[PDB]
Amino acid sequence: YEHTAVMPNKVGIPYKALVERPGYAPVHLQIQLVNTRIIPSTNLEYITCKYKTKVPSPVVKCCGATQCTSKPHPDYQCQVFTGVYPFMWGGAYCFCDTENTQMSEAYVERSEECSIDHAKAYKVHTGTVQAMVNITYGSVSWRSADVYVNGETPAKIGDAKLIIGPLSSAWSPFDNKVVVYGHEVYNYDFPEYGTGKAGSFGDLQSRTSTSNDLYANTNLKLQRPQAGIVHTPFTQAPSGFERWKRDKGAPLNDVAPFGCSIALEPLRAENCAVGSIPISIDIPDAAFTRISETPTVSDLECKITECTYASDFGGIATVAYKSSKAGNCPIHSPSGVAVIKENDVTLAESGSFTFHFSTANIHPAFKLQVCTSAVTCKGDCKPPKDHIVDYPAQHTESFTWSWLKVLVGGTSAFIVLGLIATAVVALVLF
Amino acid sequence: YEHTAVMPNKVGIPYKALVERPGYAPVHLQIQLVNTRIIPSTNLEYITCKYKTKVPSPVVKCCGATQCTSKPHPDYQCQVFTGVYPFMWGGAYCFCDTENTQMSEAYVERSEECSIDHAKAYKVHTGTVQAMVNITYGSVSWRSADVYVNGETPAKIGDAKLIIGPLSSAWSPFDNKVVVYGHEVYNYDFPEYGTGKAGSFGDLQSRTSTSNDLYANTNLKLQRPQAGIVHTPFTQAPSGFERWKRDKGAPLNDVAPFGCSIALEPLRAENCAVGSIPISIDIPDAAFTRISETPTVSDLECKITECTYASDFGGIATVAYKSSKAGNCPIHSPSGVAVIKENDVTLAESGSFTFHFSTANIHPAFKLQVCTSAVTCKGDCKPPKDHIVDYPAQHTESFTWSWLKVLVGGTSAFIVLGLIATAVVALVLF
Amino acid sequence: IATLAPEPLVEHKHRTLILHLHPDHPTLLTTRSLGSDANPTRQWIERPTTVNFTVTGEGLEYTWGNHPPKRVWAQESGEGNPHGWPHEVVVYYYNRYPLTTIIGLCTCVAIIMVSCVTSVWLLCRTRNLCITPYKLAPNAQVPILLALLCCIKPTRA
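Listed in order, the protein sequences are those of chains A, C and B. Heads up: the first sequence is residues 1 to 400, 408 to 437, going by the authors' numbering. Heads up: the second sequence is residues 1 to 400, 408 to 437, going by the authors' numbering. Numbered as in the authors' numbering, the third sequence ends at 420 without a single skipped number.
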């Protein structure tokens, strides 16, 4: 009875399959993939952030040169300068006039915001998707367990053992290269650690926040201070983290395909509704009811009464239940045409009880399996009026004849008329 | 002069290319990819290790039953038992004889060795390969820097800026699924967390060492103690970590392809010699020597004297150097036929200096570029005798005519003789 | 303590959200057509603007500023295919499938033109025949002309 089932990946709606174990009473499923959080395999490549030109205070030798050295600070820009007369609180102070030397030095350093307000690159691989699958199973009525997708993992939370996937729809909405910012995730071809052109994204490139080493292509170019005054012209591109916040691109939780949401959390991409998942469960046999205890319902009748050709469970149908005992009776349409709100219907001795459903074909010819008794609930449905609210329960759109059957049979009849005109020429011929 | 160069991935041998900057004196390379450590993207999926059936001490109620409950310990096996008479230091002690009840309970727990002696699964993606590339460059003569492969990363360590890869040979010797043990790495299709059949690998499956939760399919089945004595029959498969240490498979550092070594360290696969790497460097122009300062060497002559048709630098060739000035002269064979031990040769005023090399073609017709002066060092080589030591410097094997030139020209001559017999029939015909 | 833009005016159309919209300040609106075809949109809106969004069958979402993201079922609204007329009510089926019916009809128009010309040849050839055996003898006493009745006029016999 290990109920294999292909199953559409779509988050917020149950999938009430039916256990057809030969021998005991069937049991309904209610498989609602409440989440599809993904968590691909990734690597923190480098944080970036806006620089801070935290200038070390320049040297001023008063009469003669002070050669600078290339200190190992990140982007340690330093340039000696002469020809000053530095006004500092008493007019100038160095008594020479050209031998007055000024050595400006400036290096790049992570902002204090780099710790907290910082973009974040990644090389993103595929990893392994997850879900907090609720099943309000059978008569168990509850399990809300976190599972995987890899097609040999069980999760014995509750009483049932369930194996999921692997899904066929391997679209990781994340690209290979991704930038991340607070919550807005950008599938951006970040240049790399160690390279980013100044002004462009990643002018500062630190491996992490702690990492004292980094790459600071900021094009930091010191210029000489003006007219004999102490200061430090640092001519620099404002960061490619400054832009990338107001000339950026839009976020993947606002531009992704196939229906995903995002978090700066384990880097999941929630609720990506795409494709199917081959899911298979091993129910506890104790949860089964033996077949000789549920009422046999046959010699019944089913009919719609007001079928709504729609998403919300607007379709209804009375069923002339013809029971043997009285009790519960799990229900399901093995055809995917009709999706039913009720998993189970209570029964007195051969009464009648309407259920709710939703379909997509004007003439819903769907079987209904009322606890081992099939029936066609044939009929016709009506379109609604009021379509602006969240997502459907129908999810069964397919091909849905009033000018096709005798039309194309009539279309054929012209060319069918041919070879009974031709080869009757052969008879008139002989 | 940004010297692009395709470059074979092979670890322990320099690649002495030549900078042909138009205008100034050329400069040799010496690019030795001292390492090819890989570090793919990975995920710790679960540690496993051998269990320890750390039995909690059973209950013994003396007259009547003690119902057990399913405590949440991993694989908490517990089974009530009656019909005992437990001999404990005074003969039996419970005065009944069948109402004597014994409740055995046993759960699975990580060994103390699990912390330290433990296999370790992984889902392994591709990541990004590295190298401590030495270049004893030009006259710089040194830089031993750690680099990347992604084809926009520089590493300005030393004075040169160098961009490597991406390599074309994407064979990650790691498979997708890998088990790891101490140092021996196994590219094993580990079943999964949460599933591993008892006895098989991963009977115990803990996410990490700290993780109190785990999956323990050990088939732990308690049996009743014998003949009224206190003890706890625990019937259990010895671990799939016990086996997997003496009925295992061999390690990837002993079965991999294309030449790799391994470490339980960042999970690198060192020194994987396969394919080529498109490497490109931006030299410091200061390191260049202008062309008008190196001696012009033309009007020279080159000849082998004892060419060794081999791997070690056994090939030699005097060169009748015909210089203008006297000094150094970088050398290289732009053809890959010949690999030369000397990057640079000193020159007096038009002397002669032999160098060493190695080739693979019996008739080495390789150009030699002695600081802007080409020359063919044509000749013939001799096979060696003594081939059992580590790896070569030649690495240039290709197609290497004594019965092919006039042979196949003679082979053709038969069929060339055809259409000058035929169509001369046309003349005799007219 | 942070921003919020005035609520939108939701207006229904057939698989289409008209949205008369009227912010306080420049608001970045954006959406995600949840098909694997994303087809997103971005535009800062400071000037009040009636906009439009071709919503698909499966859904769209809608982000009026940092106001939370909305979501929308737009299945049909063009009334499917009831039927009491000959064909002008089939527009309902066209208005639900204005990609496959344009080609699916032209397919249906094509095959009848196929079935036309094949019927032309396999009638007119077979009407050219069954008179060539008959209208070449020209007496030809056979009153089973009553099988073509497109090549006509016997000789009273």
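No lab work stands behind these hints, which were simulated from the structure alone. Where is the CB? At the ideal position from N, CA and C, for every residue including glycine. Heads up, some of the hints might be wrong.
Take a look, some chain B residues computed to stay more than 10 Å from chain A by CB distance [stated by the list, open to error]:
{"#": "1", "residue": "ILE308"}
{"#": "2", "residue": "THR326"}
{"#": "3", "residue": "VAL335"}
{"#": "4", "residue": "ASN402"}
{"#": "5", "residue": "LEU409"}
{"#": "6", "residue": "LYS416"}
{"#": "7", "residue": "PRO417"}
Result set (BS3-like, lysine-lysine): computed pairs, CA atoms no more than 25 Å apart in a straight line [unchecked claim]:
{"#": "8", "chain 1": "A", "residue 1": "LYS385", "chain 2": "B", "residue 2": "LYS398"}
{"#": "9", "chain 1": "C", "residue 1": "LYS52", "chain 2": "A", "residue 2": "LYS156"}
{"#": "10", "chain 1": "C", "residue 1": "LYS378", "chain 2": "C", "residue 2": "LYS341"}
{"#": "11", "chain 1": "A", "residue 1": "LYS382", "chain 2": "B", "residue 2": "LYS276"}
{"#": "12", "chain 1": "C", "residue 1": "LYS123", "chain 2": "A", "residue 2": "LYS177"}
Facing chain C, a subset of chain A residues (Cβ under 8 Å, in silico) [stated by the list, open to error]:
{"#": "13", "residue": "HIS125"}
{"#": "14", "residue": "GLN130"}
{"#": "15", "residue": "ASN134"}
{"#": "16", "residue": "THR136"}
{"#": "17", "residue": "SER139"}
{"#": "18", "residue": "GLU152"}
{"#": "19", "residue": "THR153"}
{"#": "20", "residue": "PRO154"}
{"#": "21", "residue": "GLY158"}
{"#": "22", "residue": "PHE313"}
Taking each numbered hint in turn, which are not upheld by the structure, reported in ascending numerical order? 2, 3, 8, 14, 15, 16, 17, 21 and 22
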